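Taking the form solved without the partner chain, here's one chain by itself in structure tokens.
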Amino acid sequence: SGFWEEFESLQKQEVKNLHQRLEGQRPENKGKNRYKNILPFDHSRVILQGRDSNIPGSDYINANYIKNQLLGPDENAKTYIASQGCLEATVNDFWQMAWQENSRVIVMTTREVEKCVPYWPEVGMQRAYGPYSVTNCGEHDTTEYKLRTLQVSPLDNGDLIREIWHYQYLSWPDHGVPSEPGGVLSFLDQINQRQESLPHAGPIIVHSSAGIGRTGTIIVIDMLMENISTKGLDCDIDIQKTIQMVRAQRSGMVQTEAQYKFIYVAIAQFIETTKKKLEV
């Protein structure tokens, strides 16, 4: 009865039975997914532009638009893409997405591993990725994270130059979360300020290996921070509802027990810090 109540609640939250993931399941796209069971919902997937529909799977990337649906359209919420990240086979696809979406801020929640391969050149260097040139115009590190200032242009028009700020979290442990949330809160603060300075900017791209665990954690924390900042400390904070709201847009967002608890820890610290600054 307790069990059956809880089971009923879980059944009502089930979305993988409601929304198809045809595109990610295509055999033509097998090499474009890290995991065959971590796929974008068709309804919210990012569709790559300029692709030939006669080439099976050509428009596919393992990424979804994520909207903060707890803020109204009048409340100036930031928008996100939750993406699989740093997969060597899809690096050109990633930059196509970044360009077409007009994204000016990219958030990477992993260090390199060797599989997570860099998709930027070294400082002062320039590299081609499909139709695009990327130049690394500087790297600015803290203890916990790194800002790389990128400039991107089409190969066919070098006058068009676009600044992209690449934020890479360096301190996130393998198979766990940061011991304290201050680093992530600081990181998100910088990210938010950057995005706010660019009113024309497209969505913030957030990625991790699978694009659901760390990615979902970062996005949910950011959304809750935005909700508190926008609506105030008197506002109702419902983390479970927020997670369910993002999971309807990409399955499995916030994957682990440690991530789930971390969201509470981070938001508790954010509230307390805020109150200390308000002298409240």
Contents of the next structure:
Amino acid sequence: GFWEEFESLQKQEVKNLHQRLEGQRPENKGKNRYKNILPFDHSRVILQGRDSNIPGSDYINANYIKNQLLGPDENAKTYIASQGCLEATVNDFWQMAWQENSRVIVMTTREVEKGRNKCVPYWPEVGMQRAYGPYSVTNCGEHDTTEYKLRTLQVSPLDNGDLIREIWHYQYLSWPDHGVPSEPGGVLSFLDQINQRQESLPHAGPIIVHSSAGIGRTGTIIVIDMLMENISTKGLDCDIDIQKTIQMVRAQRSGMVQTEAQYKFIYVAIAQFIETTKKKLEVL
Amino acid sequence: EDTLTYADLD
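Let me have the form deposited with the partner chain bound next, following on from the form solved without the partner chain.
Every component of the complex follows; first up is the chain already shown.
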């Protein structure tokens, strides 16, 4: 029934329940990439040590994502969908990253300074130390591959230089600038190292995922990886709830997983990761 | 003029 599904898709709506009051300030207009794309105020990231007196000051277009599909007693991982490579917000990004003690970044997008800077670089160059707001970041090397590079950067506060920190930026440079990759393998491998990594740093912060405007690529990237740990944590012979999963994600930041395509790359990436995980196991 | 396009959500 047309209405049986409409009054079903209605309860799936939360944008009306959750307020996006902070991203709406005429003070954060430039702090945004898409006027329609904004972070829920509740699960949104608040730049810290700022000044309440300054209209727009502690705002960043990002949110805290959490897999509510796994238990707190089940060491599930932490992410941060977010907007990305916006020149007009690079120090906001490093304050977000610094204050959230994040060690691994997951840029699901290349550079697109197009004429100006749709997507601009927020790192230096190998052996290059750059300052960003109160923090200085140095590039210790990009360990590329055919699809995703990997720059080793150490971020330290201009105040404390002996307080060195190395964050792992896993940029993905093979995503269809106008679609979804024809193969999960890459990101499926991309997610592999990222996971093993974060897991290497005993007490690191959430995983800062993002693209231009952390929504489509960012949403897909989170749900696939999220789904990977449910299996990795619960099992292959466990029930997967992609639809229920993607929603749980949306209800945390609007826009996560925007198109139909990204909707399939997940069915592909998870049907593959599964049959390949059991293949390895020689699951007959 | 920092142009663009994109967004839609939930």
